[PDB]
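Q: Each chain, letter by letter, is given below.
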Amino acid sequence: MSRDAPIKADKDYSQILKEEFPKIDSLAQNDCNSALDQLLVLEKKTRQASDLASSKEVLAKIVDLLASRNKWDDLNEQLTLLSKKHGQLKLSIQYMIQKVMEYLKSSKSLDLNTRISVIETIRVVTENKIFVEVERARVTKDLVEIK
Amino acid sequence: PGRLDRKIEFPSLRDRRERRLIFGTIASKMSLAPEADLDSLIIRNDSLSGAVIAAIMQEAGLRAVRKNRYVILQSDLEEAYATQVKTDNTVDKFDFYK
Amino acid sequence: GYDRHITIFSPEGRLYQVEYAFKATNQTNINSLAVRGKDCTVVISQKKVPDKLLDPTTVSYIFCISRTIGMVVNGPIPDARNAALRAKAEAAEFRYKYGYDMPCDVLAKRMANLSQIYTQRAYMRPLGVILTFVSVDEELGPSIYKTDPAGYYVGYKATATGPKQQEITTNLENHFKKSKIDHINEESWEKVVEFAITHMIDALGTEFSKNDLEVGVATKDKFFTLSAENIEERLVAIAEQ
Amino acid sequence: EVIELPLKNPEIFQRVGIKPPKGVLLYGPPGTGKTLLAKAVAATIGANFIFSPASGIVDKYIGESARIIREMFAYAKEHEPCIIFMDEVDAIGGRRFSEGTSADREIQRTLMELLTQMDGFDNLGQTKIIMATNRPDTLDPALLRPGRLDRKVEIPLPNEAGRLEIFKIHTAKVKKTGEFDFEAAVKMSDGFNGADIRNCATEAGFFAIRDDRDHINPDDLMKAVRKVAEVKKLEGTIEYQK
Amino acid sequence: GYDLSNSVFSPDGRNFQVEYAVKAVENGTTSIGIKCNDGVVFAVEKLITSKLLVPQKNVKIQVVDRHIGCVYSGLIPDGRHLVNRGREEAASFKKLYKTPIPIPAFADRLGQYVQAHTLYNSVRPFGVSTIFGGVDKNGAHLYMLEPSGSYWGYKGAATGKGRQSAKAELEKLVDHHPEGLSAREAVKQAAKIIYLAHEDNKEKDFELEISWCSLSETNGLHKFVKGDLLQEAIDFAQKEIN
Amino acid sequence: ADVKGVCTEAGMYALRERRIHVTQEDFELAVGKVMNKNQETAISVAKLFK
Amino acid sequence: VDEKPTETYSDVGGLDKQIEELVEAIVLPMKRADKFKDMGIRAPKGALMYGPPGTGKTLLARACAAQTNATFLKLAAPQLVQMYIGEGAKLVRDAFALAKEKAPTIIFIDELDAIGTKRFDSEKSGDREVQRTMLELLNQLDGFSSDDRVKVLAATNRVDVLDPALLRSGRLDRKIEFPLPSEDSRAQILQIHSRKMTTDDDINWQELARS
Amino acid sequence: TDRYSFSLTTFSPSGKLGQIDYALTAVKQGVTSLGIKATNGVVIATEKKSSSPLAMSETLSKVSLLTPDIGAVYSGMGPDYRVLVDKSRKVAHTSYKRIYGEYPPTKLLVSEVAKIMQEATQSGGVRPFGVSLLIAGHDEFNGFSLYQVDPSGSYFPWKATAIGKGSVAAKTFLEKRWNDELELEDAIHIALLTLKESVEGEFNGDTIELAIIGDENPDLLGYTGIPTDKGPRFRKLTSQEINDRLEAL
Amino acid sequence: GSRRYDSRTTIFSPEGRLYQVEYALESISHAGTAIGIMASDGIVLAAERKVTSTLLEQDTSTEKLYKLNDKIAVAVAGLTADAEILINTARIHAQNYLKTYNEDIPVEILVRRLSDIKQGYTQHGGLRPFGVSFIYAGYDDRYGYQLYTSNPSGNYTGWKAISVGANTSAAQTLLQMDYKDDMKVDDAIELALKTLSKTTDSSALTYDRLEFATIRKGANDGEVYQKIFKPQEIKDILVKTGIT
Ligand SMILES: Nc1ncnc2c1ncn2[C@@H]1O[C@H](COP(=O)(O)OP(=O)(O)OP(=O)(O)O)[C@@H](O)[C@H]1O
Ligand SMILES: Nc1ncnc2c1ncn2[C@@H]1O[C@H](COP(=O)(O)OP(=O)(O)O)[C@@H](O)[C@H]1O
Ligand SMILES: [Mg+2]
Ligand SMILES: [Mg+2]
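From first to last, the protein sequence lines stand for chains P, K, A, L, G, J, M, B and C. All residue numbers for the first sequence refer to the deposited numbering, where the first residue is 1 and numbers rise by one. All residue numbers for the second sequence refer to the deposited numbering, where the first residue is 331 and numbers rise by one. All residue numbers for the third sequence refer to the deposited numbering, where the first residue is 11 and numbers rise by one. All residue numbers for the fourth sequence refer to the deposited numbering, where the first residue is 195 and numbers rise by one. All residue numbers for the fifth sequence refer to the deposited numbering, where the first residue is 7 and numbers rise by one. All residue numbers for the sixth sequence refer to the deposited numbering, where the first residue is 356 and numbers rise by one. All residue numbers for the seventh sequence refer to the deposited numbering, where the first residue is 172 and numbers rise by one. All residue numbers for the eighth sequence refer to the deposited numbering, where the first residue is 2 and numbers rise by one. All residue numbers for the ninth sequence refer to the deposited numbering, where the first residue is 2 and numbers rise by one.
Keep in mind that the hints were calculated from the coordinates and are not lab data. Some hints could be false.
Claimed, not checked - Here are the simulated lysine-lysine pairs, DSS-like style, with alpha carbons at most 25 Å apart:
| # | chain 1 | residue 1 | chain 2 | residue 2 |
| --- | --- | --- | --- | --- |
| 1 | L | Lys-367 | P | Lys-129 |
| 2 | M | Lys-188 | G | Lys-210 |
| 3 | B | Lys-177 | J | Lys-402 |
| 4 | G | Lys-210 | L | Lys-436 |
| 5 | A | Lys-62 | G | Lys-167 |
| 6 | L | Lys-421 | G | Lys-210 |
Claimed, not checked - Short, incomplete list of chain B residues facing chain A, as computed with Cβ under 10 Å:
| # | residue |
| --- | --- |
| 7 | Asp-3 |
| 8 | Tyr-5 |
| 9 | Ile-21 |
| 10 | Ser-65 |
| 11 | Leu-66 |
| 12 | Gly-77 |
| 13 | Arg-83 |
| 14 | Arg-128 |
Stated by the list, open to error - Pairwise CB distance ranges (calculated):
| # | chain 1 | residue 1 | chain 2 | residue 2 | range |
| --- | --- | --- | --- | --- | --- |
| 15 | M | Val-332 | P | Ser-2 | 19 to 27 Å |
| 16 | C | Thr-90 | A | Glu-183 | 51 to 59 Å |
| 17 | M | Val-198 | L | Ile-244 | 33 to 41 Å |
| 18 | B | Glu-198 | C | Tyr-144 | 43 to 51 Å |
Each residue gets a CB set at the ideal place from its N, CA and C atoms; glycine is no exception.
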């Protein structure tokens, strides 16, 4: 955001960890926690831009697990925790959410998924004020049809 | 006197009972929260003139259009109450005149 | 006529000369946030230096008036120095004639009384500085007393000063509403610094650096300040919270 | 919401059986566009419009000011829908006198004649007043009362991204090579009035025109938002509002 | 009103009399202060108003103690009164605590004195800025004291008409050496930015004066730069500006 | 005029009571009403003065 | 209209910057209006000129007006202060209507210290003839008459007296100080005065300028 | 130089001393306070207010002790009371506790503080203190007494009085509620009930400051085994105690 | 600076007349009526308070009547605040005379001393003078009972019957018709009350708003007893003289 140092440096690191993208994947197949530990580091940066690149990796990791209801709770939770603290500006983390929210929709192929997914989505958006709120209502709305 | 032996001074201090009577007259014109307790508002108002209360119904029914109703509720009344009665700041000044 | 040009009463009963003093302490645009810990009192304040050719180390607003009692100043630095000099002199004097160092309460009251006298005199201008006095006394615990240019002071659970201080009030109010006590329940003074920095970022929206901060901590029976190196440890420790 | 909504549709206001909302008071800093907005509202609705300054009606001939607003009023009652723009009402403002001279007492009569037309035995119909005041502290509690005036519109400075919204209207008009420094520009022109953002664009085009091109390059603008910002704050209003 | 005296005050935070007094300093002689590693190197532009004058026989540099240079601009009598006062303060410190006064301690006392005259209407505020520093036991330091009663540490300072030129090159001097520079080299750089600040005074002619207090050369004593060293500085500055 | 003011004031009270004849009670109310105007400006120099 | 043909800037000696500023403010928009129009930016609403009397300002607007081919209007604010409210208000309104009519026009207003300061709103503040004429000036320079052909030049003695609301951008745009002549400038102003009479090698204008 | 010796307080052509009239305006901008004299004590009460919710009102006193048997309470300016309370204690010691070895009579103390007022309206450089004080006390020669100190430099004894912004209404309250015989207990209940109408905020015992000059407390005496001395007749009530009297309304 | 805010408060007018003294006489006309009548056996001082209220304790008040010394008391008409200074100066001065000559101060000496202070304040310092008028009742051996009025300029004038404060003209005119030199203290008590009933400062004159004091040589052995009557002893005399 500020200074001219974060734009370049942070981006530079995300490139370096994107060359180390196969490494994160291989470990994720052996145990979830090992690769998860990498996502934590990525989503602590100071430039908004370098987190765009990195919020692909957060979505991809849980896709490689395929997907686990227990693991689902944590990913959406970690995001909520990062939003209150900073998120690299509170406006920044809302576009991150928007990317991961498309995945929630298309994951859907159980009742089981649908139920867990509405519990995470309602909470996120109570402190947000954008298009996130339309999407929350819509996924909530799948459970309405079932109701 | 003899010019003007009758002299009526009009207060704004009023009475609790006086405020109930302004509300009723208004209520005939447009019912304000007719499914909820009116009487809270009466207690809460404590300086208001008849004018502020006329401004209340009219501003509430502005908010009626927004909310897209043809009826005024107590929520409309409470925001009508909140503002139009908090003008000036002298809070700071009176810290050192306490 | 002269009911606004000297300290005489007006038909309003309000001294306009005195009002003008409070309308000059927020024009330096320095915010402060002061919180009472469970064993300490921490005060952090702005130290915005926009120049290459001003030495930032000597730009300061935290002056040690006793070895145990710090003082943080919001408002013009000539008046700050005069009020600091006077306060130091009195604190020393109290040791000399009463056999123990001046309490925070009474040091606040003494500057408060001098401020009234300066607005009693019609040729003397009051010192236009808001003084926050932080300490840990042994008879009052962690304490904050904040005096103002008129000569009014009171104790505080926490307090803020500056133009944007209303935002700071919101954070503090929530904190003590939830805890249901008049202080922070944190038993490490370092973490009360970390908390203070967090609420400063929340209130003002501004991301701080070690050269925008200046930190004073009164622990029990000593007052110290953090250097910019030590303040950087705290800023790294926000990332570890 | 105050003005336009009961003029076009009084049908909703009669149906509910609420009184039509009437009176707005505008106050803000210099330069914020109360005039610009006065000029704007008049178009939107299409209602008949009398822009009259209030320092403009004053004459040493007593009851001449009272005469002027009374006729203005009679015209407005005929020409419905109509909004009467009383601009800079602060000129004939203030209250008291009767130890003043008869010029003041006339200003007090005019101020009072205002008072007659609105409420009394005359009323507003689909007439409507907007009063503009540049200082609310010259302005008097008799006209800040509910009665007169349902919504008291306090207009701030243009917000941080409000100022960025104004630059867009203006930089639209210009021919340029492409300017991408507009985000940067609004950080330097912070604490600005909208009158001075308009000045930001006029200065940038000065430098463009002097160099003999018709394009505003971004470098011309960077310099420009700094050149206005230094001198603005030096001679700044330092207005205080209620 | 609020500008008749200095204990009138205004809601604008201004005090008027004091701000007015800075205008004398801003039309004063160019004077600089360079914070060096080993000390400080002062230099002052001394205008030559006539050929009748005796060169290097009129000084604006008076020593305080044996180790504090002090050079000032604005009203010369008023500044000579302020320096006269601070020669007493240095003597008092030396009497009571048996040490030459430390540079931060010296600044504190002077600030109090200048504060006193802005708090009373029965005495007149000062209108001079002094630049003073030296070498003490806590290291070399540099301070400039405003007639308001404000001082700070400085890595470079300037005052007078040609302060614009001086300060701009002092930024570049700290960008030449971000790890600081020798006192000996700073002689030649003090010369250079007086010469560049004489382009604000190029309707006039000048005499270059340089004085230093540095540990490396003068052993923590304040002395004047003279003879061949002074002439070397002149020759250096001459080639750079050519 | 003040004297005259009593006569008229007195007939407000008698009228209401629905008794024509003026009485001591009609009088006591009537002098209290006319004196009210005067007592209030006389309590501010009779009390809270120096 | 009291236009006299151009005085000419050559003949208004010294003060190079003042001459530079007027060209930039007036002539450049009037001649190069087409470029200002295509861009859609506004041509200066006013330029404030302030500083002590006799700094040449009159001479300059009168030169500029002939060159730019706008009429020279003569308006002086200390006159417009009267005891009669009606009479005093009337000539402001007359001068505004007539200017727009005779437009493009350079209105040259002298000594706007008679519009005074308003900083207060108390009972007495001028009785509402001094406050009132400040607000009548604000409607001159308000964009309810097109001030892109009219160009308002005004002279005033100090602005420090005057309330700073009137002084902001679009009131008045450029804020231009006129200092005293310097040593070298004095010599130029002396020479042109002397140029008018017999001129001889005895006289040295520089010599006279230094004394 | 100094040449301020020309009195700031001076006569106006319509009579009255203009400066003290101005100062009295400031008393009717301040907080409301009242005092009822019972035949078995005196009660004085005032309202605590705060400009911040993070201000503590237990560090804020507006009823203060001058001597153990004489308390004071103000309405007016905060700063002006702050300085003048210290001077009241000081002159009580110099003029009767170093001369007659005891605390001054309530009559004596009131007179002396009115002189301090008087000389702050005499000579230049000093404008009055913009407070009115109720000085309730007890002496052993005239029993209970309630005084009201004016910013004029005069005093008046009262049977019950009020000062502050809501004084006029409050004194009409006390007029029917006062009687020839009263109890201290019922005096308190009147005082709180009256100050209910002069408080616009909270009405807790934490925000209502109450103090009695009732009767002696030998637990505040600080020593025992001297039966001759009587403890402090003054006793400031803690917040919990004030809450009990709120339930006793 | 200092001279900026001064207006030269105490100076002559073109008539010769001191602004602050002229102003001072207006403010004494605000303050209540005080009457003094010199009988051939005493001096009666009778004053109607400028404040009365049902909540005002007036039963311990002695706000107009103050004893300067054992044979000299004053009644006050003017600012109570201003008067307080002169009252304690008088006590000091009378005691000082007693200390040095072991003889009681004559009435002339005490009045003259106070008068000098009032003159002095307009003469130098820029000080406002005391805006009070006192009526001194005093006994001395040499001139017997002596009655004196002092004005805020600082000048004293003897009388036999006189009134200061409110309704000075009305009180004086009634006194001229009724006063006789054969009057006793008994007769003077009745006259004072009647005069105050016709110069009343509201619409009623009452005991509780009356302060009353005499100095009578009817105490045994030619001694003088100053008695300041309580309002219920005033009440007794109020029914005696038939005011009530
Ligand atoms: N909302 C806006 N978008 C575009 N330009 C604007 C806007 N608001 C104001 N401006 C610009 O600023 C100028 C100044 O506004 P305007 O003349 O309405 O001032 P004002 O607030 O009425 O002051 P006064 O107190 O002198 O009456 C406008 O002419 C316009 O160029
Ligand atoms: N720069 C100049 N060169 C020559 N004479 C000048 C110059 N400036 C002013 N003067 C003389 O002084 C007179 C007054 O100046 P004028 O233009 O009328 O000024 P202003 O508007 O500043 O009051 C001119 O008529 C001219 O005689
Ligand atoms: Mg406008
Ligand atoms: Mg001219």
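Q: Confirm or reject each hint.
A: Outcome of the hint check:
no.: 1; hint: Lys-367(L) - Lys-129(P); result: 32 Å, violated
no.: 2; hint: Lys-188(M) - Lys-210(G); result: 19 Å, holds
no.: 3; hint: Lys-177(B) - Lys-402(J); result: 18 Å, holds
no.: 4; hint: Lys-210(G) - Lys-436(L); result: 54 Å, violated
no.: 5; hint: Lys-62(A) - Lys-167(G); result: 21 Å, holds
no.: 6; hint: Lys-421(L) - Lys-210(G); result: 30 Å, violated
no.: 7; hint: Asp-3; result: 7 Å, holds
no.: 8; hint: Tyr-5; result: 6 Å, holds
no.: 9; hint: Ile-21; result: 9 Å, holds
no.: 10; hint: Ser-65; result: 12 Å, violated
no.: 11; hint: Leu-66; result: 15 Å, violated
no.: 12; hint: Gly-77; result: 9 Å, holds
no.: 13; hint: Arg-83; result: 6 Å, holds
no.: 14; hint: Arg-128; result: 5 Å, holds
no.: 15; hint: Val-332(M) - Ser-2(P): 19 to 27 Å; result: 43 Å, violated
no.: 16; hint: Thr-90(C) - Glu-183(A): 51 to 59 Å; result: 58 Å, holds
no.: 17; hint: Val-198(M) - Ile-244(L): 33 to 41 Å; result: 38 Å, holds
no.: 18; hint: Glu-198(B) - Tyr-144(C): 43 to 51 Å; result: 60 Å, violated
When held up to the earlier numbered hints, the structure conflicts with 1, 4, 6, 10, 11, 15 and 18 and fits the remainder.
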